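Asker: Based on the hints, put chains 3', 3'', 2, 1, 1', 1'', 4, 4' and 4'' with the ligands in the right spot on chain 3.
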Amino acid sequence: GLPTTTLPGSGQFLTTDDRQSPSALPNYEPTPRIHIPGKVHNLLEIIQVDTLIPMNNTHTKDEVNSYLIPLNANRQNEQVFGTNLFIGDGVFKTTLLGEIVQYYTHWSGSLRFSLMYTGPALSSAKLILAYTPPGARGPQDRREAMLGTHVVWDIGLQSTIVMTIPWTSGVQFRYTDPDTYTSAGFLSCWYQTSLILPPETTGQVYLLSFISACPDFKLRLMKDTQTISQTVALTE
Amino acid sequence: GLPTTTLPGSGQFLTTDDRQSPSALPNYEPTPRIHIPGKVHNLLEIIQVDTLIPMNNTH
Amino acid sequence: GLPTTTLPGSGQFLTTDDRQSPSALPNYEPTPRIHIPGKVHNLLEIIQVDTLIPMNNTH
Amino acid sequence: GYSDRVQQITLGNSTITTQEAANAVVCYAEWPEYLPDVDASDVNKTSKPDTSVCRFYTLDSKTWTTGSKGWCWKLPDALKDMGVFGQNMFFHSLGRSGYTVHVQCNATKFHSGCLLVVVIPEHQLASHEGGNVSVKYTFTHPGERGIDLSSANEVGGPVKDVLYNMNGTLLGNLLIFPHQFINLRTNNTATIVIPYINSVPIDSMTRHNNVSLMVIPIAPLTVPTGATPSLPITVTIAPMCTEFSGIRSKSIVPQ
Amino acid sequence: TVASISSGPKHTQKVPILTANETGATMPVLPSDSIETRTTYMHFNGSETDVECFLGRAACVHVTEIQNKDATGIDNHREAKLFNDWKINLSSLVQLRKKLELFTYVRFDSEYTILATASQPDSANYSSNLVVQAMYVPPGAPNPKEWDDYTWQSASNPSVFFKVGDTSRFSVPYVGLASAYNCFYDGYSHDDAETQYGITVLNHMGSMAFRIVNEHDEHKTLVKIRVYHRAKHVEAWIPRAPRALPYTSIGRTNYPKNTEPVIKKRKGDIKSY
Amino acid sequence: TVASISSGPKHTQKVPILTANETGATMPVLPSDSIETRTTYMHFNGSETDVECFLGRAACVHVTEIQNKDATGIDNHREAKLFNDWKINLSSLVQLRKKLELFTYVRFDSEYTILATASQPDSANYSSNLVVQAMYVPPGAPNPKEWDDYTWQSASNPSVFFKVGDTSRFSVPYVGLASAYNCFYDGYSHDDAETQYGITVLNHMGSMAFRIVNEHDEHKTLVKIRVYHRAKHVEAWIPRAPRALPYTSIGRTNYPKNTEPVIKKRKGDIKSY
Amino acid sequence: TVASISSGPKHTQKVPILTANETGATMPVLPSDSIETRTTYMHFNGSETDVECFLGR
Amino acid sequence: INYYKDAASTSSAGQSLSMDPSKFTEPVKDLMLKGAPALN
Amino acid sequence: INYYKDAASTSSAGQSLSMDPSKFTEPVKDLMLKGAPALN
Amino acid sequence: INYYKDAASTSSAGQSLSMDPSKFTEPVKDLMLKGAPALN
Ligand SMILES: COc1ccc(OCCCCCCn2ccnc2)c(Cl)c1
Ligand SMILES: COc1ccc(OCCCCCCn2ccnc2)c(Cl)c1
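As given, the protein sequences belong to chains 3, 3', 3'', 2, 1, 1', 1'', 4, 4' and 4'', one line each in that order. A prime marks a further copy of an entry chain. Per the deposited numbering, the first sequence starts with residue 1, numbered consecutively. Per the deposited numbering, the second sequence starts with residue 1, numbered consecutively. Per the deposited numbering, the third sequence starts with residue 1, numbered consecutively. Per the deposited numbering, the fourth sequence starts with residue 8, numbered consecutively. Per the deposited numbering, the fifth sequence starts with residue 17, numbered consecutively. Per the deposited numbering, the sixth sequence starts with residue 17, numbered consecutively. Per the deposited numbering, the seventh sequence starts with residue 17, numbered consecutively. Per the deposited numbering, the eighth sequence starts with residue 29, numbered consecutively. Per the deposited numbering, the ninth sequence starts with residue 29, numbered consecutively. Per the deposited numbering, the tenth sequence starts with residue 29, numbered consecutively.
Please note that the accuracy of each hint is not assured.
[Said to hold, decoys possible] Using C-beta positions, here's what the derived DEER-type ranges look like:
hint	chain 1	residue 1	chain 2	residue 2	range
1	1	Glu-231	3''	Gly-11	24 to 34 Å
2	4	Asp-34	3'	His-59	47 to 57 Å
3	1'	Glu-52	3'	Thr-4	34 to 44 Å
4	3'	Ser-23	1	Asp-164	30 to 40 Å
5	1'	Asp-208	3	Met-146	22 to 32 Å
6	3'	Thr-4	3''	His-59	52 to 62 Å
7	1'	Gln-111	3'	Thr-4	28 to 38 Å
[To be verified] Examples of chain 3 residues toward chain 3', derived with CB under 7 Å:
hint	residue
8	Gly-1
9	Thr-5
10	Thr-6
11	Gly-9
12	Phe-13
No lab work stands behind these hints, which were simulated from the structure alone. Backbone N, C-alpha and C define an ideal beta-carbon position, used for all residues, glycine too.
Just chain 3, same shape as in the assembly:
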């Protein structure tokens, strides 16, 4: 008989442990694995695939239309859309990125925001996208917007433009749930010159917008998502 002493914590059950436990049904024998395409190893692998952002959130019931950012022909100087960058809330929240970020407490890294244009091929347009780093207000006019991170996008044969929100930060991690100290800025978009439709054409054209994370990205300290809850256990 070897002398032992038990410490504080004996008998506790910590749902975040990784120890051994006996095998209820020994000498069993699993079924062999066959090959299946698509294996995922890290959630970091999947948040780099871009998905659509319901940017046009202004509706009243969920609709395919809140994915469409409208553009008006012949407007000059004006603003196309605006949003803050609380990736865990608001427009971002239902996107795959938003949806995964919510399983973690802290995030750090660059984001990739792209816009794909869908107007007739014989039209043309020049837009400016601007990222405003924390510390200033959402820009109120392009002059204000153009003094921060921006890209003049020229609509052409190449249909999409990929803007990166480079990680601009004092503190090396931000909270995924919106927090002030930790806030990330604003994203706005304005006409640089203006949309022009060809003859025989009319109305609004739309941009689709996507979001995905750069390879830069870090997420840490897992927790429970506000995105799902329940009141009684389900049954069959």
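Answerer: Structure of chains 3', 3'', 2, 1, 1', 1'', 4, 4' and 4'' with the ligands alone, referenced to chain 3:
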């Protein structure tokens, strides 16, 4: 005295375990084995012998 | 199963111990350290800096 | 002078040419291949009709109009009646296949509109009734007709609400599945190569569909002034590396 | 590892930021393709986002309850909670479901942890000490009919004996007929016109039967069982869109009617911040 | 090591005892610079004044309380202590604060130890045996609303189950967004005219939710939770003046008005002994 | 280990499927003696049918 | 590691991995070859 | 040290440290180079 | 012997045995020698 911590499951009895237990009657001494024809090792050995099927179940 | 005996003191909590405990949130990943001037290692380092004495205590 | 843009796919006795492609997607970066022995379980030698089943079948055409919500086809169902592919299907106990899907929609440089073409492995549909109402067989086996998401709820059928992918997930995130867009201004076809994806090496072709192909208008169709307000969309699909096993009497399936 | 390299002004014919999303790719664009950057290192590995880590902590998967009371004159033990089942799930308690359903196919060893606590809601002199028995009476296995049937001999059938207030742990390999468990299944068990739909067809693995071994004392004792499940040795294939609407049933994808808009409406314009 | 060397009479032009304190230095003067000394050795290392040792013993950081009782008809569990929070601190119980606030910046691993004891202030037949559950429902994490919400599934959220009367231990790395925790912060969360001041802005790390897993017995049971915290792997930067006045608030430096003189007045003259 | 070997058409004078059960033997006939098979491996050892396992709980 | 002195006290035995059905499936005195005629 | 005989009984697995998003982010048939035109 | 995988779970650290008061006691820009005049 070596410091320990006990985990969840301590004291449980799982009828599907394979651990050691003291010998109630030590220094005993079993009876020798003699040879007996017919030893079975796996149930897989015996399910290969065929047996009759009551196919005509209608009684 | 290895035979053990527990000693007096089992289960006590001594606030002056230094043993191991599981990590509530594994595979975490701390934030890197950056350099900050001023690191203190011993209280003996700081009690050698002189400070003023309110000697005139009479107020 | 090769462009990403022009392409030719020849499979069996049938060929497709596109002069306005946008590359092609190969699901999960894997190309269809036959079933290796190391992965095999059924001891039966399989049948590989090759060129008589691995050719291009063009399903009947759809009509995109400003009110369209989107269409959904299931595989191998959509092909249950195409030539010898279909016969093999009803006649063997088990079968396995990959596909090349080519979705076609051309317009002019004055039109606008953008379709999402996506392949969803194991697309289990939801009942519009809620609770634990099931979706009857016939409803998930529309055949070449596919399911029309702008048709009405029916009884025992699935829900046809587009912002929810017919299953409780948002349209916006379908982009995590192999997919390609058809943006009239860029593109005129979409091509996806689908490797066989299952948790078993070979399965039944009638009780289980292993992918739904979905074509969904996202930026509404907008035709030039006084143009007819609609465009046809055509889907052509070719089984590839098909294998059938466990031949017998010929399945009889509901309806 | 560098998180960003140093990059300076650019005036090229080589534009990495113009792409064609119609192709289905997400081109790997970085901050340094469109602004001037400085070197920085990652200092991080992505350890805690590994799927083994993501699915590897215990989650509550089931809460049931049984009572110890005089069975004298009870015509239906099962009905008096003199014992009680649990049709093995992992999709009843939605918190771990969304997690799991982020994947199509998934394979993982298992580690079950059962906590049992007792309640004595009405006048008792004391708290008795009850031993729970937990058993696996699967497909072919004689189901318990009374709380003390021959079934409970369970001599071929695994079964646990632990004390109420304590905890019963153990683990289990992948006992799923196929190479992975289907998180989704767009099929039927056969080509029947009315057979059920979903995965409720596959997820076949009998139920768990709990009972108190103790005979009855003078008062009644409520014992409530909580089963926790931790995946170990995880393997997951084919990512899918996360669950947006609420769940209604074990094993079907169905969402409730007149549900509410899941995308938050702006308080303001598209232009609003 | 010598504590003092031998030194004899001196009649020099080299005076180590005259200095200019205006410079900000504390010149390292020793007994042997001004009297005649003999050799002596230190016999000591300064082991127990290491900051790891100074901050490394468990200190009580929080006492809360929850009760097990029939929740039937309770409209606000939180309010009935049917469960209860603790906005993670370490500056509520002043004994460890002064210690900690001797430093500006400070980094240390953690080891939490939770003791739970029960009280039955009014007539009970017995003492029941309750299991406590302790959880981390941080920033983004659904906060428990009732004592038996879906939240308590905590399948992604760490949570402890131990028995009242026992103790729950575990440890935690440095989960502080920056390189160190700020013991002080002369800033705001943004340039707002009315936003709060202190470190109450930074110290963001959600709260701890405790609850009893047991349903109710016939009597009521008070369970009082004490959280102890021990720093391990300590790193501290920039020493500061010790706290002289009493504390009034978590996270602000504020002292109470009409406080009392903190320097003891002489009973006598400056000249007094 | 192979569970089944590959075997093709047969037109022989050597018939493994005709036997005389009166002898008391169970002749070891396999799928490949009477249909055309493909190779497949066992992937299994028969561990949990060992008598030690069968009587050991 | 055995902690105990007696052999009965050790854990379960380990798989025969013996397996030879012929004592049960082919106890015939003159050897039968599959493919050759049963009765000559 | 494993104390148990079966593999299911061992603790959690250890980090894939595999990580290759290209099956998801770039499943295109003809390789796309960043910087070269998307559609030629 | 660490029984646990993560570093936070190990016991207390071990004595700096670093000790250098000069950053606090003599942060002067031009070095002062004891015995030499303070102000020259
Ligand atoms: C109490 O002893 C037992 C002895 C053996 C057992 O095995 C249980 C196997 C069930 C695995 C379920 C995993 N799953 C189910 C559906 N999806 C995932 C169980 Cl659960 C308990
Ligand atoms: C019960 O399980 C838990 C699982 C994880 C946890 O992590 C707690 C991290 C908080 C560290 C606080 C240190 N601190 C706070 C302010 N100054 C110093 C906690 Cl506290 C408990």
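Asker: The structure should be examined with respect to each hint, and the outcome stated for every one.
Answerer: Quick rundown of the hints versus the structure:
The hint said 24 to 34 Å for the Cβ distance between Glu-231 (chain 1) and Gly-11 (chain 3''), and at roughly 32 Å that hint holds. In this structure the supplied range 47 to 57 Å holds for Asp-34 (chain 4) paired with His-59 (chain 3'), their Cβ-Cβ distance being about 55 Å. At roughly 58 Å, the beta-carbon separation of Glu-52 (chain 1') and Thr-4 (chain 3') lies outside the given 34 to 44 Å, and the hint is violated. At about 32 Å, the CB distance of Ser-23 (chain 3') to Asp-164 (chain 1) agrees with the hint of 30 to 40 Å.
For the hinted restraint 22 to 32 Å between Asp-208 (chain 1') and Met-146 (chain 3), the CB-CB distance of approximately 26 Å keeps it satisfied. Distance hint check for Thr-4 (chain 3') and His-59 (chain 3''): the Cβ-Cβ separation is about 60 Å, which falls inside the suggested range of 52 to 62 Å. Between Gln-111 (chain 1') and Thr-4 (chain 3') the CB atoms are about 31 Å apart, so this pair conforms to the stated range of 28 to 38 Å. Violation of the interface hint for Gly-1 (chain 3) is found here, the shortest Cβ-Cβ separation to chain 3' being roughly 12 Å, above the 7 Å cut-off.
The criterion of a C-beta within 7 Å of any C-beta in chain 3' is met by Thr-5 (chain 3), whose closest approach is roughly 5 Å, and the hint holds. About 5 Å separates the beta-carbon of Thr-6 (chain 3) from the nearest beta-carbon of chain 3', less than 7 Å, and the hint is met. Interface hint status for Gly-9 (chain 3): upheld, as the beta-carbon distance to the closest one in chain 3' is roughly 6 Å, under 7 Å. Checking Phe-13 (chain 3) against chain 3': minimum C-beta separation of about 4 Å stays under 7 Å; hint holds.
When each numbered hint is compared with the structure, violations occur for hints 3, 8.
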